[PDB]
Amino acid sequence: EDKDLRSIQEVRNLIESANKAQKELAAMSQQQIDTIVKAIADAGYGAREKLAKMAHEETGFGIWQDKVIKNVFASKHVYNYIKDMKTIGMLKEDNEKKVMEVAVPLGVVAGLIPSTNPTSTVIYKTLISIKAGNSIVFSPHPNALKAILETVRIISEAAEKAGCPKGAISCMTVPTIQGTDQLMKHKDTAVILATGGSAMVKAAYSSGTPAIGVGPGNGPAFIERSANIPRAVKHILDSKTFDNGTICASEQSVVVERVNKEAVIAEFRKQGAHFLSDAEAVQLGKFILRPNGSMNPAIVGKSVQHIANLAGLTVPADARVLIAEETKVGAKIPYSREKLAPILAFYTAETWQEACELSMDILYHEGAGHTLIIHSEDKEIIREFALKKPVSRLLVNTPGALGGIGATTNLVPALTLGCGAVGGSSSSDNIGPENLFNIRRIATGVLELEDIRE
Amino acid sequence: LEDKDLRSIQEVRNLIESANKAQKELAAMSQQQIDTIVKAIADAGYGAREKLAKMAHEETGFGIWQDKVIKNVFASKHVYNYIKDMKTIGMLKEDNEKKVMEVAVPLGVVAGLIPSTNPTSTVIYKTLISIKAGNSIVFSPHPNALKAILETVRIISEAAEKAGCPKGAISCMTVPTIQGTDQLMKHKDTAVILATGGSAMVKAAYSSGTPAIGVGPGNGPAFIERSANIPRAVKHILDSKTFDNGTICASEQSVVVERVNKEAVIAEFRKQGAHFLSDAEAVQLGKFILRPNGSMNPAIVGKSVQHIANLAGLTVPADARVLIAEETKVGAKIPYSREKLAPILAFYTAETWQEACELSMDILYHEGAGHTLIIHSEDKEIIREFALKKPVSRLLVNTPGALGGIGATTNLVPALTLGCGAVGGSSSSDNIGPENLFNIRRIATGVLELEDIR
Ligand SMILES: [Cl-]
Ligand SMILES: [Cl-]
Numbered sequence: 001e002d003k004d005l006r007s008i009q010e011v012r013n014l015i016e017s018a019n020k021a022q023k024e025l026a027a028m029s030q031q032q033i034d035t036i037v038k039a040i041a042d043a044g045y046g047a048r049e050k051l052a053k054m055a056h057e058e059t060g061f062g063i064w065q066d067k068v069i070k071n072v073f074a075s076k077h078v079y080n081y082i083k084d085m086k087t088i089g090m091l092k093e094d095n096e097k098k099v100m101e102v103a104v105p106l107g108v109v110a111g112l113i114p115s116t117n118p119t120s121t122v123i124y125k126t127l128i129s130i131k132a133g134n135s136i137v138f139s140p141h142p143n144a145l146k147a148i149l150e151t152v153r154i155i156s157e158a159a160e161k162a163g164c165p166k167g168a169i170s171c172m173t174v175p176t177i178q179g180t181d182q183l184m185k186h187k188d189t190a191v192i193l194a195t196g197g198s199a200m201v202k203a204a205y206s207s208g209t210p211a212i213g214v215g216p217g218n219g220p221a222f223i224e225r226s227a228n229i230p231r232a233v234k235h236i237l238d239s240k241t242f243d244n245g246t247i248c249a250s251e252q253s254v255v256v257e258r259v260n261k262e263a264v265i266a267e268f269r270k271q272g273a274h275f276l277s278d279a280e281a282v283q284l285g286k287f288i289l290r291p292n293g294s295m296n297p298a299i300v301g302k303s304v305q306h307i308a309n310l311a312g313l314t315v316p317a318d319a320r321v322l323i324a325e326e327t328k329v330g331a332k333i334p335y336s337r338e339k340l341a342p343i344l345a346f347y348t349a350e351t352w353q354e355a356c357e358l359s360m361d362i363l364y365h366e367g368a369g370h371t372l373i374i375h376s377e378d379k380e381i382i383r384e385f386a387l388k389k390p391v392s393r394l395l396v397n398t399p400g401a402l403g404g405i406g407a408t409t410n411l412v413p414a415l416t417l418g419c420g421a422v423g424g425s426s427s428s429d430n431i432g433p434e435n436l437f438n439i440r441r442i443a444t445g446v447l448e449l450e451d452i453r454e
Numbered sequence: 001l002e003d004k005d006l007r008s009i010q011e012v013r014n015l016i017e018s019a020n021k022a023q024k025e026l027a028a029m030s031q032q033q034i035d036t037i038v039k040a041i042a043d044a045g046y047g048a049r050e051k052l053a054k055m056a057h058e059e060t061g062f063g064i065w066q067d068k069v070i071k072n073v074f075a076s077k078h079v080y081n082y083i084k085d086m087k088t089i090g091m092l093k094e095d096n097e098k099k100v101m102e103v104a105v106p107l108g109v110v111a112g113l114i115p116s117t118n119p120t121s122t123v124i125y126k127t128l129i130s131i132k133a134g135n136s137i138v139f140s141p142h143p144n145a146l147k148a149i150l151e152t153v154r155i156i157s158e159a160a161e162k163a164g165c166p167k168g169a170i171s172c173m174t175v176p177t178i179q180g181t182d183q184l185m186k187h188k189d190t191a192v193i194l195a196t197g198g199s200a201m202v203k204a205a206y207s208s209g210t211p212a213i214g215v216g217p218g219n220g221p222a223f224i225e226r227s228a229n230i231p232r233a234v235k236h237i238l239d240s241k242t243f244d245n246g247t248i249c250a251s252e253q254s255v256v257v258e259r260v261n262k263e264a265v266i267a268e269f270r271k272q273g274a275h276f277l278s279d280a281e282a283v284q285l286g287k288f289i290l291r292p293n294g295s296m297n298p299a300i301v302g303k304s305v306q307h308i309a310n311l312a313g314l315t316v317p318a319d320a321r322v323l324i325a326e327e328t329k330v331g332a333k334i335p336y337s338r339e340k341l342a343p344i345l346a347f348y349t350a351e352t353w354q355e356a357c358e359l360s361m362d363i364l365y366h367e368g369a370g371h372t373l374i375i376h377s378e379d380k381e382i383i384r385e386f387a388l389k390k391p392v393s394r395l396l397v398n399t400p401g402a403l404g405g406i407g408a409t410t411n412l413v414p415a416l417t418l419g420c421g422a423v424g425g426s427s428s429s430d431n432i433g434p435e436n437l438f439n440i441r442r443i444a445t446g447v448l449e450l451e452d453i454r
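Those protein sequences? They're chains V and H, same order as listed.
Note that this note's numbering numbers the first sequence so that position 297 is 297, with each residue one more than the last.
Note that this note's numbering numbers the second sequence so that position 344 is 344, with each residue one more than the last.
One chain only, chain V, in its complex shape:
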């Protein structure tokens, strides 16, 4: 009866079921696997509306119409990338080196699901884990529980119809920290896909189980002197306002040069941004930064009007983002940190070199290894940013949120965006099927001992 014990029991039950379900997947051919993958894609996509509405209603986060596009992306876009990849059995036979390469599935994948992008992340993690021959057990955020449970129900039913063994795709029905702890620590858990906060990722790397973790997204968008101002402002608003800023790859600040500063402020205003007065900025800043130095969860995925009301603000009805001018960087400077909300800091640099230095300083305090955006027509400046910005994905003339996940760019389509070693993670990739299998190499003898000691 006690909730944590039942949760720990259920976790042990799901992993066991998932372990034997994977052994059955492992026996399947590439064609049999792809038949399953396409069926998960279709069920995910067919239920795009219902799951998007479910998630919005339960979490109170975002915009259901935007969650639909997240579901479409997680289904069709990921499917289209992964459909023709060889991920199963014999991959390569080098007949000159005499080395053969075979894909080995990891085993049971433990997927931690955020409340910010719940149904889309479930679909994405399922497609890529099953594609690589793995079973997946999900850890749902308590306040997106029903949405995630129905996503798992819908996609696992379609997979099982297409030949997938029962138990290969499952989810905790009783969310506890103790339960999630067990899922992570379990001997028969092969890898943790750790999409969550910084304490949750640190836990996953302290679990004993190999983990693939994320960091906070604190991505500046530098609008450089040669950028088309209208297009840059459009890209940023497209991303920042997408699902009320729930995607980690969305812009957290705008950096402008002195030459374009006012031209950019005016364009933001013209496209519906609201600039906070100095007084309005500190008032919201006081509300955003909690006494313990945490960022206020009360803003996450909420509307501009919702956030204004919480902060004691009165803001125009058609305001699309709140923007505050910022000069400093630090743990006590909330505008310099991740605000999963339609709230942006606004920085001014005199030159592109000053903008690079400020971005480094922003990223080093928070957001290193994740995302930075640059709007520019200058090939030389973009290349300097490419060689120096401490991120894993550097986005050029594109909306941040959409560009970072590979919706508007040719990055790998993903909702797990690895932050690399600088962010404390084991990978910097947009996670796909190639991150979820090992290579076994089968090598023939080419030399004798007598050759190597001569």
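Quick caveat, the hints were computed from the structure, so don't treat them as lab data.
You can trust all of the hints, since none of them are fake.
Taking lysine-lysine pairs in the DSS-like style, the calculated list, with each CA pair at most 30 Å apart, reads: (1) H:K186 / V:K185; (2) H:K77 / V:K92; (3) H:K87 / V:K98; (4) V:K92 / H:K99; (5) H:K99 / H:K24; (6) V:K97 / H:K235; (7) V:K92 / H:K98; (8) V:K161 / V:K146; (9) H:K333 / V:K20; (10) H:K203 / V:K185; (11) V:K92 / H:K380; (12) V:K185 / H:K389; (13) H:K389 / V:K166; (14) H:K203 / H:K287; (15) H:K389 / V:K161; (16) H:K98 / V:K38; (17) H:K99 / V:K86.
Chain V residues, not near chain H, derived (Cβ > 10 Å throughout): (18) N292; (19) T351; (20) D378; (21) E434.
The beta carbon of each residue, even a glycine, is placed where N, CA and C say it ideally should be.
Since the structure of chain V is provided, determine the placement of chain H with the ligands on it from the hints.
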């Protein structure tokens, strides 16, 4: 500070701090400048081959002087020849079709755990690959090999620094403590752990909060299938199993033969210097090898046949090259079915290749899964079945186990850190090198709008 544990913690924080600064200096260097240092390390390692082999032999008491010189040659010359022309620094790729550029990003400060079994060769190799990828490295020495490791570090460090490398980029703890090595693994500025050592050590690395890459126990069966060339299969198994008195983890731990071939195989093993133990002698050595706590006796590790025979109270001919015990069982309570880092083999008889496979899987699933299995066969179909099914990361065909698994007699990546992958509890199945020690940053240009994906 005078207490040993606190002096050691202090040292590790100082060492990490220097390595942190030094890496930022390495991070500014071109591929040319890096490769110059790499070559200087390789040259210094190679030149000190006899010196360092003798130090390690005298200090640890393990192995054969001659064989450790070869390992020092392998770690320097062979690793260097694989890495010298590899692209590991800065801009790697510029895809103009996808509009995606790729840039190598060094991990940062590497933590190298060095075992007493392969101590000088492992330092040389890890240094070369870390520095090649633009990283610094701080070593944790096994206390039984402290002096030899420190002197290897001293030697390659000075040649690196003479070649342009920043001071503090290559360092080693001078006071080995478990409290100091815990600090090395857990530290925020430590970017990655190369975890070469025992099972409790690698489980410690994955519990540290820092990204780890671990090894597993090597327990590889050698299946001399009926199509095999017996005299060469025997020579290979002996070449590997007696190499440094069996200290390398990719060396064979059992021989599996088909019944039709058993007589012929035993006769050849005998001709080439193998000594088959009687039932009573096998039982006597088994009692000595297996400790009451369940661990295997360290007293046998890297020791001669005669030395072990004396320890176990056996009387064995002076020219005996390996001790072979016939075995029928697999399990924790069965010492021959487990990793014996010594010139000792189990010998199993199966009826068919199918039974040999099933037996091999049973061996590996108890101990050794993810590491190595060796097969001698001229049957490419049976080999392919083993390739697709045996739970290992490296499957060796017609080659000595120790020498083929490290890539000395095979075309596998030349390495002394052999990942066991997920099945063995690690993040990688690779023979690891430069490409496991940088992240890829991707710089991507927008190709689509929000409206397009709507
Ligand atoms: Cl979603
Ligand atoms: Cl050595």
